[PDB]
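The complex is shown incomplete by one protein chain, all other protein chains being positioned as in the whole.
Letters are used for the chains, namely A and B, taken in the order the chains are written, and counting of residues starts over at 1 for each.
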């Protein structure tokens, strides 16, 4: 017979990887 | 004629963007 219909859209991709650490904080007080 | 079975889901999407960098750290010590 004729082909079946196409399947549905593929799954959403995985989330991105975790980001870099932030920079060091600001200086302490005198 | 008799159409075939539905196809499978499509390819998985591409990965997401890497996470943003973290915020600045705590203030320093005296």
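Here, contacts are C-beta pairs under 8 Å (C-beta built on N, C-alpha and C of every residue); 3 or more make two chains touch, one makes a residue touch a chain.
On the side of chain B, the interface with the absent chain consists of residues 1-30, using the contact rule stated above. Chain A meets the missing chain through residues 1-30.
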